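Position chains B, D and A relative to chain E; hints supplied.
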Amino acid sequence: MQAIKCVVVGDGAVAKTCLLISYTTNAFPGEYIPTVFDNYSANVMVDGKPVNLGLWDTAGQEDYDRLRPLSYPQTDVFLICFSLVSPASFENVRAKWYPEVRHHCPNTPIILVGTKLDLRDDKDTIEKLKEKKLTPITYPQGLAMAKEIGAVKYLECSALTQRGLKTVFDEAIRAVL
Amino acid sequence: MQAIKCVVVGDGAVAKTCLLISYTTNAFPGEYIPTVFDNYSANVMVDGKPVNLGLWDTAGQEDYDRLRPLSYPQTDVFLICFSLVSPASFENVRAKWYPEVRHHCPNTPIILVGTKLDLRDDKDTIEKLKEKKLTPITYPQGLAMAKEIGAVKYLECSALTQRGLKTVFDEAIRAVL
Amino acid sequence: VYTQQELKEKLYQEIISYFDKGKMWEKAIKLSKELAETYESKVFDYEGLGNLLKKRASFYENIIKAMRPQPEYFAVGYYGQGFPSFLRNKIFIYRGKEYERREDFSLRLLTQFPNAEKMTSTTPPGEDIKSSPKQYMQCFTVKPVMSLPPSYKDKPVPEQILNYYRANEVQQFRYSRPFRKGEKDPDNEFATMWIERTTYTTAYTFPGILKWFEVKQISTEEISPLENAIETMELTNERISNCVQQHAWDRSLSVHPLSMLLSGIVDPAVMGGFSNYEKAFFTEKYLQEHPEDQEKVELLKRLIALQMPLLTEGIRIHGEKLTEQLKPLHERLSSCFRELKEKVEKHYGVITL
Amino acid sequence: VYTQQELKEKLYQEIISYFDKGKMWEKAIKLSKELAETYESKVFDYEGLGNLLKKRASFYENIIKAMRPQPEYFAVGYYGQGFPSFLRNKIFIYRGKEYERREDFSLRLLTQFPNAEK
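Protein chains in written order, with the entry's author numbering: chain E, 1 to 177; chain B, 1 to 177; chain D, 1290 to 1642; chain A, 1290 to 1407.
A hint or two may mislead.
[Said to hold, decoys possible] Among the chain D residues that face chain E by a calculated CB cut under 7 Å, a handful are:
no., residue
1, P1557
2, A1558
3, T1641
[As the list claims (entries may be wrong)] If you want the footprint, here are the derived chain E segments under chain D, 3+ residues with CB under 8 Å:
no., region
4, 23 to 35
5, 65 to 76
In case anyone wonders, no lab produced these hints; they're calculated from the structure. By construction, the Cβ of each residue, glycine as well, lies at the ideal position given by its N, Cα and C atoms.
If we strip away everything but chain E, and leave its shape as in the complex, we get:
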C-alpha cells in the first residue's frame, strides 16, 4: 500500500478547519460536525488505485511555530492555503506562510487553494469590505502569485457550496501522479 503526505497552513480567521472537516466527514453542505481531535486523515482515492491520505491540520497560533517545522520533512506534496476575500490573510501569506514554508521545503510540487469563493462575488460581504478598506483579491492576482511560486495548479474551492473542493484535492493527489 502507498500513502500521501500533505500540509495545510494558514491563519485562523478563514477557517480551513471547517473546509477539511467537511471534506473528510463526507458531509452535506451546511451540516458539518466539528470534532475534537485534529489531524483529519481519510481513506479515499480518486484515480488509479486506493491509497492512504492525511491532512495535517496546522494551528494558526503564533506560539506553535516551535512545533511545526518537523512535519514538512519527508513529504510528497504540500497544500499552501490562502483566502481571496480576506486581506489580512493575504498579508500573512506574503509575510509568513508563502515565504517560510517554501523556505523549509523549496523542493516539492505545490498547490494553491482559494477560500470563500462564494463571497468573492457576494455583494454584501464585498460592500462591508470596501467600507473596511478591504479588497477581494481577484483571479489575476492569484495567477500572479501562482506564476511567482510555480504551483502545478492554482485552484479555488469553497465550503458553503463545495464548488471544486473535490477538484482541489483531485489535483493535489494527481500532482505526483
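Just chains B, D and A now, with coordinates in the frame of chain E:
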C-alpha cells in the same frame, strides 16, 4: 492387476474336488463344506504382490471331453494331478491325462501333485490294496515320471492333514515367478 | 431430462462461481456446505467432495488473507411529483461502489434523469415539492449500521471477519445532523452540538437482487452534547484499538497511520477538545446547567482512562517503528503522554485501572 | 505451558496423520471434521481450515479411488492350563494381516509359545 490361469485334471475316484474346495474355503481339516458350483477361484497371494487366481475344476467324466480342450489355450501354468495310492489313477495318468493334455499344450511350465499322501504310509489301506493287487506308487516312480515330463517340481500334498498343500500351490504360483 | 438433483447441482456450482469471482466469500462458503452435505449423504460423488472441499479451503484462505474495500452508501430522495409511480417520493438508499465520491454518484443520478438540480434542506422533506412537478433530487452519503452477527459477540474474532461484515448483510442506516443548541461563546464551538440522527430501515438486506433498494421505515433520533461526547470517545477508542491490532498483524506496513492518529491525539492545536469538554462540563456551572444528569461524565472519564493504556500500546508500537526520523515526533509524543498521564491522575480527579 | 486447546490440536494432528498413513480414512475424516469445527468456531485459524479441508478432500478421494485388501480373521483357542492367568481357556480372535495364510498365522502362534502342537 495381474491374474493366474491353471488347470486341474484327473479321474473321479480320487476326489481332487475336496482338496481344492478345502484349500479355497480356508477351512480346517475334516470340516469342509461342499459347494454346488464348480470353478473354485480365490483372491489369495503368497509372494510379492496380491494377484487373481482361479482353479478350473475339470470333470472326470469321459463324455465331457468335448467341452474341455478350449480352457487350456492362453494359460500361465498347469497343474497335472494324480494319486499315489490309486493304481487305476496311475493307469489313467499314463493313458490319457499325461499324454493328451501335455499334447495340447507342450509349451508351458508344469507341476505335479501327489494325493492321499497319508495313505501312502497307512498300513490298513496298503493292506487292502495288496489284497486287491494294488500298489502305492512310491516316490522314486514319481521322480521317474517327473524327469520324463520335466516339471519344475514334483510335489505331494494331502487333504486329511493338508501337509504341504499350501506348499504345492506356492510352487505352482512361483513357477512363472 | 434433468431430474431435480443435477439441476440444483448445476445451479449451485454456478452460484458458487459467481459469489467467488464477486468477492463475497461468506455466502460462497455457506452454500458449498450445502453442496458437500448433499453429495456425501445422497449421491457419494466423492470426486465432487474432493474438488468442492478444495474450493471451500480457497474460500476461507481468501477471507482472511487479502482485504477488500468498503462500499459507500448514499441515500437518494427522489422528491416531487414529476417522477414515475414507483420512484415518486421515497428514498432509494443506493449501495454504491468501492470508493465512490458523492459528487460522482450524484453525477450519475443526474445522468439518470432530466432536471438535474439538487435540494438543500437535507434533513426534512420539501413541502412545496410534496406534490409539485419539475422533478427534485437530493443526494447524501450515510453510514452503514453494523450488523450484530450471531455467534460473534464473545469470541475475540480477527479484524478481517469484522471489517468484511462492516458493509455487507447490512439493513439499518444512519446519518449525522449537526444542530446548533447553546451559547455561541468565543472559542468554544463544542458547546452547541446536538445531533438528531437519521434512522433508516430498508426491508431488503444488501447486497441482493438489486443494488438500490427503497427505504421502508424512517425514524428520527436525538443526541445531547454529553451523549455526543459519549459516542465520540467510544469511536476514538475503537479507532485506536483497530489501528493497534491491524499493525500488530502485519510487518510491511507504513508508520504513517500511527503517526497520524497519535499526532491527532496529542495536539488538538487548532481547537482543543479536552479543555473544551472541561469548560462545558467539569465546571460547577454545568451542574447548574445539569443538576440531576451527571453520570455521563463518569462514562467519559472511564473511556478516556481506557484510551490511556490503548494509547500506551500505540506508543509501544510507535517505538517499535520509532527511528531517527520519528525521533522528534515520539519525543513530543512521550512528552505530552507523560503530561497527560499525570494530568488524568492528579489534575482530573479521575480513576483508572 | 500448553493450555488444553493447542494440546488437542497437536494430538488430533498426529492422530489424523497416523490414520492417514495407516489406510483407515473413514476415521481420519471423522476427526478432521471435529478439528475444522473447533477451529472455525473458536479460534479462527483460517489457514488451519485451509490445509485441514485440503487434507479431508484427499481423504475422500482416497476412499473411492484406490482399493485396499481385506484382513483375514482367525480365532485362536489357547486351551489347557499350562497357560498364564490371562490367556487360560478363552479364544483370542486375532485380527490378521492383508492376505495371511492360516499356516503362516498358526506358525507365528507356534513361535509365540512352547509346545507347538495343534
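Hint check results:
no. : hint     : in the structure
1   : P1557    : holds, 5 Å
2   : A1558    : holds, 4 Å
3   : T1641    : violated, 19 Å
4   : 23 to 35 : holds (count 11)
5   : 65 to 76 : holds (count 4)
Checked against the numbered hints listed earlier, the structure breaks hint 3 alone; every other hint is satisfied.
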